[PDB]
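Take a look at this one chain, the form deposited without the partner chain, written out in structure tokens.
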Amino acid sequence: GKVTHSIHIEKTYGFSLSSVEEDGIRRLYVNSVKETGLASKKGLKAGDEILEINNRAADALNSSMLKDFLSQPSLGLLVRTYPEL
């Protein structure tokens, strides 16, 4: 199954997110990553689920918070991802 990893990044972070609320919880997924970007360098992948940003649940973030956090000089993520095969 999937595994959960913490990612910490310091100085954009070179990724974008998509959101969905179909199952009763808002979820965030990595929409795309830049190959040379900071997030990809720390192992973030397209299709990863973002469980937390800066230790806050995806379901406990609004759009303004997302944008603010992605603009700051450091960023923490908790991600759920399929292991590499």
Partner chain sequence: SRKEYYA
The other form holds:
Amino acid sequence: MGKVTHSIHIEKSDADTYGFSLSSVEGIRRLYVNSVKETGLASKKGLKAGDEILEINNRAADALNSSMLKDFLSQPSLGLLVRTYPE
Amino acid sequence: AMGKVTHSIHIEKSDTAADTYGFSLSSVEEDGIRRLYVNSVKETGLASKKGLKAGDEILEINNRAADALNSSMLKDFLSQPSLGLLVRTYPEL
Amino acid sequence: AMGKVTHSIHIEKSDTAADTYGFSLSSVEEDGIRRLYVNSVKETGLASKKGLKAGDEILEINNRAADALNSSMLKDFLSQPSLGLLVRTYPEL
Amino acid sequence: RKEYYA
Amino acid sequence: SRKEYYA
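To complete the pair, please output the form solved in complex with the partner chain; the form deposited without the partner chain was given just before.
And the full complex, kicking off with our chain again.
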């Protein structure tokens, strides 16, 4: 409903985090960007609070479990497909 | 309930170009052990057609452990007409 | 810091009365020039016992350069009772 | 609902 | 041009 979909790719050097958090809800499972650390990697790459996460590493949100999420979010690179409102 | 699974992937190409397998690797060292992860997979590329996925971990390349590979060997192996990988992945429908 | 190394391997099927050496080779003819790479190696086979590894490059067979070999020669030599190889490999890390 | 930190 | 050989 008036949103735009786009891809984000982030890499971490060699040991900080991506600087964001995600929230879940029950098309069954849906992932939203909960917070974005003002001075974090995700923020710099254009991730915004309230964005919906459609895919991580090419896998749909509803197909991701906690183990996969934890693994993917801790890897040295991360791909996201996100739906966001233009500013 | 299945978590990760490990499986072998073998890929072949007809040239000696460095980037023709259609994937890239990212690296992280923890506790003195280097781990390799699939950074990106080209949608129509060779690796994708063999079932390599973004976020997969590469355990071995050509029977050598990930922590026993250096950057020179990586470039070489990734440019050869054939490539063998031992991969850890999450099942996908 | 040591890169690749070259070494000579000689294999005789008479060692264990084997019918095969237990490896495969990929041959790329690019620009008309030819290179030979080791595609796979059987762990319990004669080649493995003499140090051949997946990803090795074969520079010579029976004292002939890879670019000087053709399909006929390759099939002939690889099926003989004994075989000499000049191999370029990376040391195990 | 659960929060995950990356 | 690519061929596989088993030995």
